[PDB]
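Kindly produce the complete structure, drawing on both the sequences and the hints.
Okay, here's what each chain looks like letter by letter:
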Amino acid sequence: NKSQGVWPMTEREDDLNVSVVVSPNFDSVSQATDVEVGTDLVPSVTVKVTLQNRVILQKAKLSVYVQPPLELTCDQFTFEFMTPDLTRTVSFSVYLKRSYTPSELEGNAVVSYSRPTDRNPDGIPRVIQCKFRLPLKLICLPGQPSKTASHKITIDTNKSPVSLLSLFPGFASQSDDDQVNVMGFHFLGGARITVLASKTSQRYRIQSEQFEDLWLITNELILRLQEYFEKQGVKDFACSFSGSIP
Amino acid sequence: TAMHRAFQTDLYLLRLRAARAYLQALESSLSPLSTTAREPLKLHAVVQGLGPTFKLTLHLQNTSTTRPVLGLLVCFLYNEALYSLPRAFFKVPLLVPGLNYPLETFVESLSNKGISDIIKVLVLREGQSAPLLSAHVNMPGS
Numbered sequence: 396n397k398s399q400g401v402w403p404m405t406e407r408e409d410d411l412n413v414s415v416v417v418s419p420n421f422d423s424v425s426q427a428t429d430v431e432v433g434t435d436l437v438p439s440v441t442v443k444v445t446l447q448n449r450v451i452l453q454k455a456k457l458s459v460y461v462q463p464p465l466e467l468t469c470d471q472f473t474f475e476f477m478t479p480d481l482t483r484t485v486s487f488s489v490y491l492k493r494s495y496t497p498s499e500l501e502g503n504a505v506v507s508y509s510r511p512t513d514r515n516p517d518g519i520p521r522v523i524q525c526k527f528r529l530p531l532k533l534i535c536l537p538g539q540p541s542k543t544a545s546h547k548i549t550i551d552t553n554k555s556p557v558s559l560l561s562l563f564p565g566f567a568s569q570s571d572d573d574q575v576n577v578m579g580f581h582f583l584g585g586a587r588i589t590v591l592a593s594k595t596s597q598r599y600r601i602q603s604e605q606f607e608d609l610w611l612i613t614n615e616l617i618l619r620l621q622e623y624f625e626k627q628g629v630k631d632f633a634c635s636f637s638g639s640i641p
Numbered sequence: 446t447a448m449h450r451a452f453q454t455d456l457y458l459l460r461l462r463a464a465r466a467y468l469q470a471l472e473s474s475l476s477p478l479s480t481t482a483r484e485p486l487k488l489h490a491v492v493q494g495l496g497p498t499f500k501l502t503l504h505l506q507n508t509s510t511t512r513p514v515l516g517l518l519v520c521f522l523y524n525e526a527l528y529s530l531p532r533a534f535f536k537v538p539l540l541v542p543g544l545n546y547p548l549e550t551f552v553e554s555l556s557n558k559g560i561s562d563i564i565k566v567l568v569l570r571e572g573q574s575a576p577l578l579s580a581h582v583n584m585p586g587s
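Protein chains in written order, with PDB author numbering: chain I, 396 to 641; chain A, 446 to 587.
Hints listed in this document are in silico derivations from the structure and should not be mistaken for laboratory results.
Be aware that a few hints might be false.
Derived Cβ-Cβ restraints for the label pairs, each shown as a range [as the list claims (entries may be wrong)]: (1) I:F421 to A:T508: 28 to 38 Å; (2) A:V582 to I:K626: 49 to 59 Å; (3) A:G572 to I:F474: 18 to 28 Å; (4) I:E622 to A:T508: 39 to 49 Å; (5) I:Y490 to A:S556: 40 to 50 Å; (6) A:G572 to I:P403: 45 to 55 Å; (7) I:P564 to A:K500: 44 to 54 Å; (8) A:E571 to I:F472: 38 to 48 Å; (9) I:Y460 to A:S556: 24 to 34 Å; (10) A:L548 to I:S498: 13 to 23 Å; (11) A:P485 to I:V416: 11 to 21 Å.
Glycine included, each C-beta is placed from N, C-alpha and C at the ideal position.
Rendered as structure tokens:
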């Protein structure tokens with residue numbers, strides 16, 4: 396019935412099938428997820444996520460993962476209904492078990508919505524991933540450093556002299572430190588790691604009692620360098636040497 | 446002569462009924478085959494997966510000769526039954542062209558039900574269009 400009007404259907408449906416027709420719609424924005432961290436302290440750090448909207452959605456679910464030394468008190472959640480362009484949020488806190496070392500430090504959170512385009516009665520699925528930084532003052536009890544000899548690696552900068560005490564709040568020696576050249580960086584559960592090269596060395600090296608623990612700190616030393624220098628405008632990104640001795 | 450015209454107008458609905466059901470799943474990308482990122486996806490319930498515990502393998506393999514696809518993401522959204530699947534979101538290794546990869550999980554069902562999972566694989570950051578999502582139909586465990 397309607398042998399010419401039904402013929403317009405198959406003469407039109409053969410266009411998308413001849414093409415790929417995978418994600419033909421503009422899927423630019425249909426969600427927005429951002430996570431922000433407060434300035435709290437040891438193990439329990441409160442943290443806050445958000446959700447945005449542009450279309451009514453359904454079958455929504457948000458999950459969040461870290462490395463297994465870290466764990467989360469409040470596990471993954473739900474977000475039941477959506478109206479066009481509202482916001483909702485959920486807060487939670489990260490728990491720390493008595494392991495030794497997390498591999499990386501940042502976890503990521505992921506949401507799973509389902510938009511109901513007219514080709515299907517239910518919602519075709521989509522997944523949006525966000526990531527979030529995590530500080531290191533939740534793994535924090537910096538004792539007095541120990542000037543010893545162990546495994547070493549060497550870095551350098553473009554502009555050499557940087558006071559380590561100014562790079563962050565004073566971690567080691569909360570009492571009256573008579574030395575700025577202290578490199579007290581005890582950041583694990585039961586370890587001892589110092590840094591080196593406060594003043595007299597243009598080369599910036601670092602020693603570590605065991606060769607397990609430099610990964611959490613030198614990139615942190617790389618970022619805290621780059622967290623300092625944009626308030627000065629130097630944009631330094633160079634050095635390393637001798638990847639064979641590790 | 447009546448039989449010939451009976452075949453065409455019944456076959457003419459058949460091309461329409463197929464393509465209206467083909468495009469109903471191609472836009473949802475239910476098929477385990479792809480063209481842009483070129484791997485297929487086979488998956489199975491293994492023999493040790495019986496009872497309250499349950500083990501689910503997954504098989505990825507590139508179909509290029511020299512083009513290693515790089516660092517994709519596998520995540521399975523699923524209607525929440527009483528099982529856990531504690532990882533639930535991997536980062537897939539670098540697929541070499543030619544080898545097949547076993548990828549195993551651990552369903553921990555608590556009581557006796559049955560409901561299908563949907564396992565997706567995504568490209569790295571931009572395209573959330575989810576190629577090769579495989580609606581795995583589960584076995585009813587005890």
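To see whether the hints hold, each was checked on the structure:
no.: 1; hint: I:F421 to A:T508: 28 to 38 Å; in the structure: 30 Å, holds
no.: 2; hint: A:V582 to I:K626: 49 to 59 Å; in the structure: 57 Å, holds
no.: 3; hint: A:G572 to I:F474: 18 to 28 Å; in the structure: 23 Å, holds
no.: 4; hint: I:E622 to A:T508: 39 to 49 Å; in the structure: 45 Å, holds
no.: 5; hint: I:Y490 to A:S556: 40 to 50 Å; in the structure: 29 Å, violated
no.: 6; hint: A:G572 to I:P403: 45 to 55 Å; in the structure: 32 Å, violated
no.: 7; hint: I:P564 to A:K500: 44 to 54 Å; in the structure: 48 Å, holds
no.: 8; hint: A:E571 to I:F472: 38 to 48 Å; in the structure: 26 Å, violated
no.: 9; hint: I:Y460 to A:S556: 24 to 34 Å; in the structure: 26 Å, holds
no.: 10; hint: A:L548 to I:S498: 13 to 23 Å; in the structure: 20 Å, holds
no.: 11; hint: A:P485 to I:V416: 11 to 21 Å; in the structure: 20 Å, holds
When each numbered hint is compared with the structure, violations occur for hints 5, 6 and 8.
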